[PDB]
Amino acid sequence: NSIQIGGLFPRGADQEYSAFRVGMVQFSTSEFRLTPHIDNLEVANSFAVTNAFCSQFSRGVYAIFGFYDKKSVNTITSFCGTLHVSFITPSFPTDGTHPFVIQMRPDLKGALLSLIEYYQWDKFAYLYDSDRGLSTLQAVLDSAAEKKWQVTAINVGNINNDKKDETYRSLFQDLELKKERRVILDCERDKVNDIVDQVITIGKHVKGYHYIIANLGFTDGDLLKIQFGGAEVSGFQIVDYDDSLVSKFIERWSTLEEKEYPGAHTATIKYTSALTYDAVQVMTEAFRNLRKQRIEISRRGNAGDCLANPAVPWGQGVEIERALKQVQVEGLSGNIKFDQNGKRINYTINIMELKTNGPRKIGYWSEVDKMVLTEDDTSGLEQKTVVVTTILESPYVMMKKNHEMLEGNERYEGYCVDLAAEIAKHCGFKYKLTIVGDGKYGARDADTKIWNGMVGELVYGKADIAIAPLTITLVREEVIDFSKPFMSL
Amino acid sequence: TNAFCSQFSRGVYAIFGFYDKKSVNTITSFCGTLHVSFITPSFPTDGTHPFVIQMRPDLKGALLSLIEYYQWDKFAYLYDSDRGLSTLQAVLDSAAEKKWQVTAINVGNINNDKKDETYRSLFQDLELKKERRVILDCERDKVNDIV
Amino acid sequence: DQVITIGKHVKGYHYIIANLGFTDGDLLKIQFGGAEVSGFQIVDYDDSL
Ligand SMILES: O=c1[nH]c2cc(C(F)(F)F)c(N3CCOCC3)cc2n(CP(=O)(O)O)c1=O
Numbered sequence: 025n026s027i028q029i030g031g032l033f034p035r036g037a038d039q040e041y042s043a044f045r046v047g048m049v050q051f052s053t054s055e056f057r058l059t060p061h062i063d064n065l066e067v068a069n070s071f072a073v074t075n076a077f078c079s080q081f082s083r084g085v086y087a088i089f090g091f092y093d094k095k096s097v098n099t100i101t102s103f104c105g106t107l108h109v110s111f112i113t114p115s116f117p118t119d120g121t122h123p124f125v126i127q128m129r130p131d132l133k134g135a136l137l138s139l140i141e142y143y144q145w146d147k148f149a150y151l152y153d154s155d156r157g158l159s160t161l162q163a164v165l166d167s168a169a170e171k172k173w174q175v176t177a178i179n180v181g182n183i184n185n186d187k188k189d190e191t192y193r194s195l196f197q198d199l200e201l202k203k204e205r206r207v208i209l210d211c212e213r214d215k216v217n218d219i220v221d222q223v224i225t226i227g228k229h230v231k232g233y234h235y236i237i238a239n240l241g242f243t244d245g246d247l248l249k250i251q252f253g254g255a256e257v258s259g260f261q262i263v264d265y266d267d268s269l270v271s272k273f274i275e276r277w278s279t280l281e282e283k284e285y286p287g288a289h290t291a292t293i294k295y296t297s298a299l300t301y302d303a304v305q306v307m308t309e310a311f312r313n314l315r316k317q318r319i320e321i322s323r324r325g326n327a328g329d330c331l332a333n334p335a336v337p338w339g340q341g342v343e344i345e346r347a348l349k350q351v352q353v354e355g356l357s358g359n360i361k362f363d364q365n366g367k368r369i370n371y372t373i374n375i376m377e378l379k380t381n382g383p384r385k386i387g388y389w390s391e392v393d394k395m396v397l398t405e406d407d408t409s410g411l412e413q414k415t416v417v418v419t420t421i422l423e424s425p426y427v428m429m430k431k432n433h434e435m436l437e438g439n440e441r442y443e444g445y446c447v448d449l450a451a452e453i454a455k456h457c458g459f460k461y462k463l464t465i466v467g468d469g470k471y472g473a474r475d476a477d478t479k480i481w482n483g484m485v486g487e488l489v490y491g492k493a494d495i496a497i498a499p500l501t502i503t504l505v506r507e508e509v510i511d512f513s514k515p516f517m518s519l
Numbered sequence: 074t075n076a077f078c079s080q081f082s083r084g085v086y087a088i089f090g091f092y093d094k095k096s097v098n099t100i101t102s103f104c105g106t107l108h109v110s111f112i113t114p115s116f117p118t119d120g121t122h123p124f125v126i127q128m129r130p131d132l133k134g135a136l137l138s139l140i141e142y143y144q145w146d147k148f149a150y151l152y153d154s155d156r157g158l159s160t161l162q163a164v165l166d167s168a169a170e171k172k173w174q175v176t177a178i179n180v181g182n183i184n185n186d187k188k189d190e191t192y193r194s195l196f197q198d199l200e201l202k203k204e205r206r207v208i209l210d211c212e213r214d215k216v217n218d219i220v
Numbered sequence: 221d222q223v224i225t226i227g228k229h230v231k232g233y234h235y236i237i238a239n240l241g242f243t244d245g246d247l248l249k250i251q252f253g254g255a256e257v258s259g260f261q262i263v264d265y266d267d268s269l
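Residue numbers (UniProt numbering), protein chains in the order written: chain V, 25 to 398, 405 to 519; chain E, 74 to 220; chain Y, 221 to 269.
If you're looking for bench data, these hints aren't it; they were derived computationally from the structure. Hints may be right or wrong, so weigh each one.
With a Cα cut of at most 27 Å, we get these calculated DSS-like pairs of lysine-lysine [unchecked claim]: (1) Y:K231 x V:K188; (2) E:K94 x E:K188; (3) V:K394 x V:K361; (4) V:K231 x Y:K249; (5) Y:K231 x V:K283; (6) Y:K228 x V:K249; (7) V:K379 x Y:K231; (8) V:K231 x Y:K228; (9) V:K94 x E:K202; (10) V:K187 x Y:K249; (11) E:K188 x V:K95; (12) V:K147 x Y:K249; (13) E:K172 x V:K187; (14) E:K95 x V:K94; (15) V:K147 x E:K203; (16) E:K203 x V:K187; (17) Y:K228 x V:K455; (18) E:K147 x V:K203; (19) V:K172 x E:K203; (20) V:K172 x V:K231; (21) V:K94 x Y:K249; (22) E:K202 x V:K147; (23) E:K95 x V:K203; (24) V:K172 x E:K202; (25) E:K187 x V:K172; (26) V:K462 x V:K430.
Could you build the full structure based on these sequences and the hints that come with them?
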């Protein structure tokens, strides 16, 4: 038979409802159909969410897809926990252990705390919009004690649309006083586009500035505005476009016309829409495991009223929750596995970074491993260090008190060692001291015509410079270049 | 929700009652919609909400006056979430403006079987700066657990 | 548009716009940022005519 479900969509979730219907037609199978009843409402209103939940509950559904806000999350988790209806959601994962709520959004408290340590920040601003709990602000403040962080938290989300420019430009003038160059933008797309419009306008997208965008949606804003300028911006991505399942999806996603699928004719999908697409895979695969293991369930003749007295559970509901949490699919976001609370485990968050070419994956974060860097750090560039030849003469170069205990240039001291430090500082290179193997200065054999010593290590190619007591001679400057004498004798 | 609707269906003229951080949005949305004015001793709501008459005064202004009065600039702020997080934001907004170094620690996610253990882990991270000035933004029961 | 995009409308930079039409472009784009821009104007809007 077909399976009745419900949908709580916001008024403005055009792409999310478009990606919902795309996932409908792709994961449907002749055996059973997930016939929905879609309600549109505002999710910041707990009266509307109460009234729409009870319309879905009276009209016999088996699970409710939907979104919630800060205002409605406690209406949702209470109704679903009490009436044993399951709720599947792309919204923020709840702060708690709520039954009958399956969270499709992974978590980025752990990944964001790993990335601040990776850049070794210890003083930074944190701009937060309220907007979905306040739990990531609270997670960096609970860690700021034991990680030695000085965090400047600014509420950036009470701002209205007519004093927008005046509030933000006055905001970064305050941080300018404290020399804040490191900022985390814990906002969503529409708010993070407004902030990067203002950091460009007042010239804070230049070098010296670092930005971390604490979304799961790094390449969902307009990053081409801040891509040149010099500021380093970093972020997180759960939708890897360099995967086979995603690239096959973008193929059919980009060809859709924006009359039957608004917000679809493009090559990037928002992560909340990717999780809406993945949630149809999760529901369908779980209702397939419902009819597979012969657990066959009916709703009731009436479903009663949500505000019943007493409101009674229904024993089939525990099975449906347990079936929704055993799902082990692969979706646009990666591995979709839930724990017993309904929160995603075994997931991956790609740590991106904006370069002049574009956004560049510089690693990932897994729950079990940690932040894992990926293989691209081999191709940066390096300094091209300079090999410098010396010789053991006191006091020019002579080995220090502990030869073997020290490693590198620090094995050596003397006049020419202090001279090599001064030549390198003015020219601008990095050097690696090297005693000449033959332990000689350089002379030419009458038969073989081969230059020995530090001279032949410059004539033939072993070295680039010879800082030494090396006498400026006629027969030597025919084959090498001396400077003016640093010591007359 | 069920008990608001039992009194809306008995037809009352106003409702006296309490709310939590979990039920504040249920109350202010129903009373804002069905016009069933709510008189409450609970915490003042974070925003402008119609048909809610709030008998508890406020404390954000009196608390930021007292921090300035003692000339505090480095302190710990131990909070509990149950009255919202409005006063945490108020001392964090005023810390940016006035160069305070607040250590905000959520002390309300602590249960009865991990009290003596995590409280010693609490007061350990205070000794990393040797915090001597502590604000206890909890209610009566939790402030006795800390004292 | 390009000096904003690559961050050269910040302090330290000075620009002279050699038109007779200073307030005929979009100067509100570069007005904050810190760069000093200067120019010329033959049409004084603070005149009676
Ligand atoms: O370029 C040259 N620079 C040299 C520098 C020095 C030193 F003084 F140590 F710096 C000396 N020594 C002189 C005293 O006894 C120890 C070695 C020899 C050098 N020789 C070989 P020489 O001059 O033919 O004997 C060179 O060829």
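Checked hints:
About 23 Å separates the Cα atoms of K231 of chain Y and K188 of chain V, which keeps this hinted pair within 27 Å; it holds. Straight-line distance between C-alpha atoms of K94 of chain E and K188 of chain E comes to about 23 Å, which keeps the hinted pair within the 27 Å bound. Between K394 of chain V and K361 of chain V the CA atoms are separated by roughly 18 Å; this keeps the pair inside 27 Å, and the hint holds. The suggested pairing of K231 of chain V with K249 of chain Y holds, with an alpha-carbon distance near 20 Å, which does not exceed 27 Å.
Annotation: proposed proximity of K231 of chain Y to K283 of chain V is violated, straight-line Cα distance about 47 Å (limit 27 Å). Our distance criterion of 27 Å between C-alpha atoms is met by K228 of chain Y and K249 of chain V, whose separation comes to about 14 Å. Distance hint between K379 of chain V and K231 of chain Y is fulfilled; the C-alpha atoms sit about 24 Å from each other, no more than 27 Å. Distance check on the hinted pair: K231 of chain V and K228 of chain Y sit about 11 Å apart at the alpha-carbon level, within 27 Å; holds.
With a CA separation close to 34 Å, the supplied pair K94 of chain V and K202 of chain E exceeds the 27 Å bound. A threshold of 27 Å between alpha carbons decides the hint, and for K187 of chain V with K249 of chain Y the separation of about 18 Å falls inside it, so the pair holds. With a CA separation close to 31 Å, the supplied pair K188 of chain E and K95 of chain V exceeds the 27 Å bound. About 31 Å separates the Cα atoms of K147 of chain V and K249 of chain Y, which puts this hinted pair outside 27 Å; it is violated.
Only pairs whose Cα atoms come within 27 Å are accepted, and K172 of chain E paired with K187 of chain V is accepted, the gap being roughly 25 Å. Proposed proximity of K95 of chain E and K94 of chain V is supported: the alpha carbons are some 10 Å apart, at most 27 Å. Of the pairs offered as hints, the one joining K147 of chain V and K203 of chain E holds, with about 19 Å between alpha carbons and a cut-off of 27 Å not exceeded. For the hint pairing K203 of chain E with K187 of chain V, the CA-to-CA distance comes to about 42 Å; that exceeds 27 Å, so the pair is violated.
Of the supplied pair hints, the one linking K228 of chain Y and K455 of chain V is violated, its CA atoms being roughly 30 Å apart against a limit of 27 Å. This hinted pair checks out: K147 of chain E and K203 of chain V have alpha carbons roughly 20 Å apart, not beyond 27 Å. A threshold of 27 Å between alpha carbons decides the hint, and for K172 of chain V with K203 of chain E the separation of about 13 Å falls inside it, so the pair holds. As the CA atoms of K172 of chain V and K231 of chain V are separated by approximately 25 Å, the hinted pair is consistent with the 27 Å bound.
Restraint check: the Cα-Cα separation between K94 of chain V and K249 of chain Y comes to about 36 Å, which exceeds 27 Å; the hinted pair is violated. Between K202 of chain E and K147 of chain V the alpha-carbon distance is near 16 Å, which keeps this suggested pair within the 27 Å criterion. Our distance criterion of 27 Å between C-alpha atoms is broken by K95 of chain E and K203 of chain V, whose separation comes to about 39 Å. Of the pairs offered as hints, the one joining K172 of chain V and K202 of chain E holds, with about 10 Å between alpha carbons and a cut-off of 27 Å not exceeded.
Restraint check for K187 of chain E and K172 of chain V: the C-alpha separation of about 25 Å stays at or below 27 Å, so the hint holds. Distance restraint check for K462 of chain V and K430 of chain V: the Cα-Cα separation of roughly 16 Å lies within the 27 Å cut-off, and the hinted pair is therefore satisfied.
In the structure shown, a violation is registered for the earlier hints numbered 5, 9, 11, 12, 16, 17, 21, 23, in ascending order.
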